[PDB]
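A lone chain, given as structure tokens: the form deposited without (2R)-hydroxy(phenyl)ethanenitrile (MXN).
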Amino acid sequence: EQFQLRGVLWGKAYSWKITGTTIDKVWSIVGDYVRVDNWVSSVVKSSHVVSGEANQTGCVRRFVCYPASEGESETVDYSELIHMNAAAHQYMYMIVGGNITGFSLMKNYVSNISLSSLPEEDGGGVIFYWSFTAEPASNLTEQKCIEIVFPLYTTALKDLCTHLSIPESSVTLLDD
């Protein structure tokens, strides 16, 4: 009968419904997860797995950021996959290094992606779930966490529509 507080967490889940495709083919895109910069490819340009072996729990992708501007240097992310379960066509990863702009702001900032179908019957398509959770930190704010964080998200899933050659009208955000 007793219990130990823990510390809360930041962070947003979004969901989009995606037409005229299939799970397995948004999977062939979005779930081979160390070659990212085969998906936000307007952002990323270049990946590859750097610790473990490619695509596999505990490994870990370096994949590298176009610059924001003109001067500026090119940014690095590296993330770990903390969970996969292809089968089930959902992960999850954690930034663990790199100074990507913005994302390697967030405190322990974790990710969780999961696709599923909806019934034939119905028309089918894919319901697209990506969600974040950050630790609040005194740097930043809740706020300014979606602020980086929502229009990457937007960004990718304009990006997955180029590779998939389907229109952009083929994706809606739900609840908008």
The other form holds:
There are 2 protein chains.
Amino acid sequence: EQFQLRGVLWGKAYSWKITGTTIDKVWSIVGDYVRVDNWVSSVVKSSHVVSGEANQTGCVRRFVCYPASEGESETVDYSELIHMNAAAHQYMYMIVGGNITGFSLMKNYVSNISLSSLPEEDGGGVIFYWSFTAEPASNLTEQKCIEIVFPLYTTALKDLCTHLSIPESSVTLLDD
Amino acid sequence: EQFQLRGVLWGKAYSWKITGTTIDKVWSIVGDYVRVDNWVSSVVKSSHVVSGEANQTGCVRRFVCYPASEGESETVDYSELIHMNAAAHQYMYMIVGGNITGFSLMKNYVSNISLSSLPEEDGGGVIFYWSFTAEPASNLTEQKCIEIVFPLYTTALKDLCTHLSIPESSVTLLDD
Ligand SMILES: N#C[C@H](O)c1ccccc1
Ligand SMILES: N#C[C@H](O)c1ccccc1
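Mind pulling up the form deposited with (2R)-hydroxy(phenyl)ethanenitrile (MXN) bound next to the form deposited without (2R)-hydroxy(phenyl)ethanenitrile (MXN) we just looked at?
In what comes next, the whole complex appears, and the chain from above leads the way.
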């Protein structure tokens, strides 16, 4: 009959329905964690594993982002895979270093990606779940976090369509 | 150009499609965090807020579970709401005390619930997302965690149907 209080978190979860593809085609792009340059190509220039075994839990990827706007420099993200279940199409990662624009402002940014199949008997389709949390910090606000994260996720879903060779109309953000 | 390694996590995410209901109806049961006795009523005997304000971020619920078997005592869960966004039908909580069977064995059990509406042109329906993580510890394995958690989530989806007065066939586990 005792408990230990802890601090609250910031964050938000998003889900999209994607038609016209399959979960394992989506996963071939989205699940190749250390090669995120092959996914979010509107943002990421290059990417490679720098610690551990590629796409195995505990590994760290380092990726380079194009300048956020002209005149700016390239920035770098280090992120650690902290959970991976490839057969269940889901994983979890955290930013552990770098100066990547916006994202490096957050304290303990953790993200979850989980792909699910809608029932074949209902016409199929893929649900793409993507969430983040961050720890509240004096130098930021939850609204700022969401302003940083959501445009990136939106860009990434667009880039996904490009790499799957399906129209952008294939993706629909679900009402929460 | 440096980074610090962090520990990895155990866990799993699950998604169900629920037909014959609306996100508002589901939320009226699932979203009443401190009254989980009015949701998972086959497992939970009673539930009350014991710190903070009911269903506001930071609050702690105390709930009591029926005995696992005859002669066994009731067990107790303390869990803190660490994120709540009711407008977006999503929240996150962690066990912060108690001796609730199985769940109290995990180190830093954290759970996320999200509800999404499928497009009306598709026939509507709700996607129910539910995930957990726990920290690796000597006295458990990830498999043992999954064997604690998934049967409870399954029971909870069944109990949800009872309270919604809809048949269990309304619920389909995605990727079953
Ligand atoms: N780490 C991390 C972020 O989620 C991220 C940022 C840019 C492109 C892909 C992913
Ligand atoms: N806290 C917590 C667990 O997720 C839980 C355990 C039993 C019934 C409802 C919820």
